[PDB]
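Undergrad: Chain by chain, the residues:
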Amino acid sequence: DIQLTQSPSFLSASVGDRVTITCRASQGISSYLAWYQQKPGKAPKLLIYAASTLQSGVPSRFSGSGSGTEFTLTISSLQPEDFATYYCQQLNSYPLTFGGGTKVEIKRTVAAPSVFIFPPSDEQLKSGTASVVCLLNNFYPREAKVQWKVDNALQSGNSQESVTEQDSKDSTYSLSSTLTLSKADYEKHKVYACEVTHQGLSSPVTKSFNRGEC
Amino acid sequence: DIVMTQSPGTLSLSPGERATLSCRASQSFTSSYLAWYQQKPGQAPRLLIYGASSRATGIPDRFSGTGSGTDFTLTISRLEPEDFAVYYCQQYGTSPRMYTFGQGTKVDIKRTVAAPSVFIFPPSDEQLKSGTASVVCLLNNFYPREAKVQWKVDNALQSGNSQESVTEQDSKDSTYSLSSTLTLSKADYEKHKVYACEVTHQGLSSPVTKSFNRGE
Amino acid sequence: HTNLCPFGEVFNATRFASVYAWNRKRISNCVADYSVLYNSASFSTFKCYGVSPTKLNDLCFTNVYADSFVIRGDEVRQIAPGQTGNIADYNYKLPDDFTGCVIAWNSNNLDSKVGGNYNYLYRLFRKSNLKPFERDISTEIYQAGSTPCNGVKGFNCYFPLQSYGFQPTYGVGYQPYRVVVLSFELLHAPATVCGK
Amino acid sequence: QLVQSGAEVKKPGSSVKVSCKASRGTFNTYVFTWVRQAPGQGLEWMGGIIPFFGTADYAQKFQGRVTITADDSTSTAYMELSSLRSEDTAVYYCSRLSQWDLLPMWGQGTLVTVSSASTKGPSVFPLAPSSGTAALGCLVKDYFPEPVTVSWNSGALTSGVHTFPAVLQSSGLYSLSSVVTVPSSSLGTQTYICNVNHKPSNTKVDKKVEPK
Amino acid sequence: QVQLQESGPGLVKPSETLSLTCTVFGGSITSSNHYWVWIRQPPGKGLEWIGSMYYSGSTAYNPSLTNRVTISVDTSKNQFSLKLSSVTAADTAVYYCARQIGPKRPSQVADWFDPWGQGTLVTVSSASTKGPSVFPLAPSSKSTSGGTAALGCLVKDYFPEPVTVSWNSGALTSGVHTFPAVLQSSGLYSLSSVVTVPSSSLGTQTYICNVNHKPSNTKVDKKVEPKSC
Ligand SMILES: *[C@@H]1O[C@H](CO[C@@H]2O[C@@H](C)[C@@H](O)[C@@H](O)[C@@H]2O)[C@@H](O[C@@H]2O[C@H](CO)[C@@H](O[C@@H]3O[C@H](CO[C@H]4O[C@H](CO)[C@@H](O)[C@H](O)[C@@H]4O)[C@@H](O)[C@H](O)[C@@H]3O)[C@H](O)[C@H]2NC(C)=O)[C@H](O)[C@H]1NC(C)=O
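Protein chains in written order, with the entry's author numbering: chain L, 1 to 214; chain B, 1 to 216; chain E, 332 to 527; chain A, 3 to 133, 139 to 219; chain H, 1 to 229.
Quick caveat, the hints were computed from the structure, so don't treat them as lab data. Don't take every hint at face value.
With a straight-line Cα cutoff of 20 angstroms, these simulated EDC-like cross-link-like pairs (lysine to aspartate or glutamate) come out [what the hints assert, rightly or not]: (1) H/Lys227 with L/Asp151; (2) E/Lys527 with A/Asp90; (3) L/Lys39 with H/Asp114; (4) L/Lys126 with H/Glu225; (5) A/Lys219 with B/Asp83; (6) H/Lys83 with B/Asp125; (7) A/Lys215 with B/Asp125; (8) H/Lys219 with L/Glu213; (9) A/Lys13 with A/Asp90; (10) H/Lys83 with B/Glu168; (11) E/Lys356 with A/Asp90; (12) H/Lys130 with L/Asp167; (13) H/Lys227 with L/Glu123; (14) H/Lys223 with L/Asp167; (15) L/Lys42 with L/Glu123; (16) B/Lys110 with B/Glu168; (17) L/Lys45 with H/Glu48; (18) A/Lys214 with B/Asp125; (19) L/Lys39 with L/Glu213; (20) L/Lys42 with H/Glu225.
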């Protein structure tokens, strides 16, 4: 069984930088290698085959080279839409095997998040459960901190977060934090707020609403 | 002649498992061949494998065949619901004298052991007018297929005056049902009083008897 | 006699042998038809040498030999008298005075695996050419240099046999072909395989 | 792709001759054999013949009773079975080989029924339920030929119904039983009627089953 | 342009049998120079080749999947299928069908995959299927005078994955963010799909989120309006 080792596992480069990904085979497979690009939620897309032959329909900034055991994929000018996980694949011996993949993140200028807060709809309060959603929209870098305050009481253990993959056009991220409560516990308190801190912010941002008040 | 013996008698497998059927010959195949057939109820035999390891035309690739000399194998990698039928193996040869068949192997959808619900039916008063009595014993929904029915008339075990009939494996609960009919003349029927059928089955910890009293 | 010659047990062989280890079947004491061979249209190659197929049904022979193996398309040409190549020289050679027929058909649907069928082999190296109807199945390490190969493969030390690719996507010249070589001998003895 | 003659109905002690026409003149290179199969039973080889020589062989169980012939001019093989008994009721197959391949060609089969040949309707008798679930049914007895069709409540009642394959009695007639299991509470407030139809005799019997 | 459209159930109970089907478009499946393959990708993991098949019957399976893999082809329907029995939680993955190019000559560079199916997530779980409830995430009444506001839909309490969310039957994609689902403590998934629109359009433009959950045959079109007081 031929094993493919892909280095590095992750990398973060700026727009316009020159990126190089290495794929090392456990044995010498001559030029029997192909490269793939997998964007989030999509199937892998063929980029290079025969180690260096570019597939019809791939930007010329992509290129592959190498022979024997070590091969390299090179993006001469990284673009925002190039955020993906890249896989190599040996095409010499069965069973067919892939590399571990190299996730390529985009490094751009810092962007502060736009913060929104959504009360639980009257339709959901009828079900006995209350969900309060806080949105952090189009920010970079990925690291952000969301604190839930219910009547200035910091909450913990009743919130889950979810972050979108890097946007293919502005290279930003988006985060949603959902505060789950019971309808009884939701009606006991009044002021609901999510406090956001993110590198692009300069004093913490708090979006708040009052339960029942328009 | 060349005696062909198959095994197992009944192959109780769940859909999705791998089936393995054996075919044995009394003598090594000096100048002889081997085929495998599949037969569904009310249908003709259908050729699956020939030449020990040749898939016939249209047969799915999950059907495989191996063996040499005296021992041969019919392998089904993944059992499909359309594959639960009887399978035969026949050896043939260049000359006419060779041809002999195996006794067959039933591949049924496996299930847990289920004991039959036993019912007995006295002959109707309408049939008694005709001079013949027919007592019926129903073995309802059981598994495995093997079952035993014995008729006792005033504690006298009957023999040679009954006939059985077994349904196909049910498509919903994967069980079988048996019907045995005791046939006596009207004169011989009124000479006795207690009529019962004793059912012996794997699901029963002991033989179950269902009886009726001629009249009450 | 009365029994028919088991040509069904050689043409319809579920598995054929590799050309380097070609299987030979001896046919004797049987009525050999010859209508359905030349009448079946499954065969891609059907060339007879030394005798005509039409004049074959009404002719007697002491013995008939059925040799069967598998090669690729562009090597079918070499199954004929006076040919040269890897198959003719190192695997299966017909004599210059060959009297028989060569029958071949494409078996890509049977002898190809999507991972490549690597069960059919052919002899790639041999110190001398095979002389007619010789079968060489030795796997002696081929010493191609001075250095004595101590039975271990390596530099100038080969395995003499090479494997056919045989993938269903292969070109026609590299797809597998099953071959049957019927040779007829007329020794000084009453005959056993005639026909029609 | 052999083609056999149509179904036959014979009395005991009589003879039957089944034909098997070979697709064109493929005859001589072949050996033709005859295999029979009783209803619900296995396969049994009867004999074979080599057409080009007229040499025929038989199974000892049938030696004497069966004669297998062949006509090269019409590409047809024949099997004659004499002194027929009720146990000879079966589907009879002709099958062949080939000189230059190993492949079994089979005919479509010929049904031969050996019994007193009449066309009569069945007598339907009720299988009354015994006095949480109970069983009841109908006894479709003494009819010929196959088959009969049975429905319950004219197709309304299908759950728990078992219609058994018919058995051939020694009288030459068929007997069939069809039963159904129902909850014991519905015995006094649900009429159960089995619908027996026998097309060969144009028989339509609707019999109501009663708890005595 | 050859296309592959796969289909099949996204939920299989343990020890049962996974079954998927791939339909070829813009080309025949009886290709004399291509294989028809299956490839799976566990969530958060790499790619694993399952098997390859030629239209005439031959197969090659990954030895890491033992003898519980069978690929089949239906030439009369331009389809090829995959079957995986005795599935465990280790079989939960997004399964792709793809076309592999075969070599025409010995030692020819081939065996790459192009094109691919869209991918079908199959979850191995005995848990029952539940369709989601769709609640609106209304834009705030405050908002701005002529800036940008945010609205969305809350897709809560469904199993298994996935659900698909579009806006205005696909006519709204700019500014949309459909977040990856989170597995709540109740064992059911939940996600939210949001979109940023100008505040001036909140009274003159409708916004409907189209939620689809194939495992439960659920289709919900939910309108998201500014909340009235
Ligand atoms: C071993 O031999 C068998 C049988 O060979 C047949 O008989 C010999 C004498 C020659 O004439 C051969 O050409 C014959 O094929 C071979 O099996 C055959 O394989 C082919 C595929 O290569 C099958 O072709 C199919 O045919 C289907 C329809 O056939 C119609 O015509 C046949 C006449 O032969 C008839 O029997 C049948 O009822 C139909 O009316 C077709 O639907 C399908 O798509 C495909 O084209 C062929 O059917 C097979 N034979 C039979 C009788 O079915 C083996 O290939 C051979 N093996 C080797 C290694 O040589």
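Undergrad: Against each hint, give a clear statement of whether it holds in the structure.
TA: Against the structure, the hints come out as follows:
no. : hint                   : verdict
1   : H/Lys227 with L/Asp151 : violated (23 angstroms)
2   : E/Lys527 with A/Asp90  : violated (38 angstroms)
3   : L/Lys39 with H/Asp114  : holds (16 angstroms)
4   : L/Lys126 with H/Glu225 : holds (19 angstroms)
5   : A/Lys219 with B/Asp83  : violated (45 angstroms)
6   : H/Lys83 with B/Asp125  : violated (57 angstroms)
7   : A/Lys215 with B/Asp125 : holds (13 angstroms)
8   : H/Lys219 with L/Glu213 : violated (33 angstroms)
9   : A/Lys13 with A/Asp90   : holds (11 angstroms)
10  : H/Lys83 with B/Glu168  : violated (28 angstroms)
11  : E/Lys356 with A/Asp90  : violated (43 angstroms)
12  : H/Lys130 with L/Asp167 : violated (31 angstroms)
13  : H/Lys227 with L/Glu123 : holds (12 angstroms)
14  : H/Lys223 with L/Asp167 : violated (26 angstroms)
15  : L/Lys42 with L/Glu123  : violated (34 angstroms)
16  : B/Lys110 with B/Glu168 : holds (14 angstroms)
17  : L/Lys45 with H/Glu48   : holds (15 angstroms)
18  : A/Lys214 with B/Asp125 : holds (14 angstroms)
19  : L/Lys39 with L/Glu213  : violated (43 angstroms)
20  : L/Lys42 with H/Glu225  : violated (32 angstroms)
The structure fails hints 1, 2, 5, 6, 8, 10, 11, 12, 14, 15, 19 and 20 (numbered hints given earlier, in ascending order).
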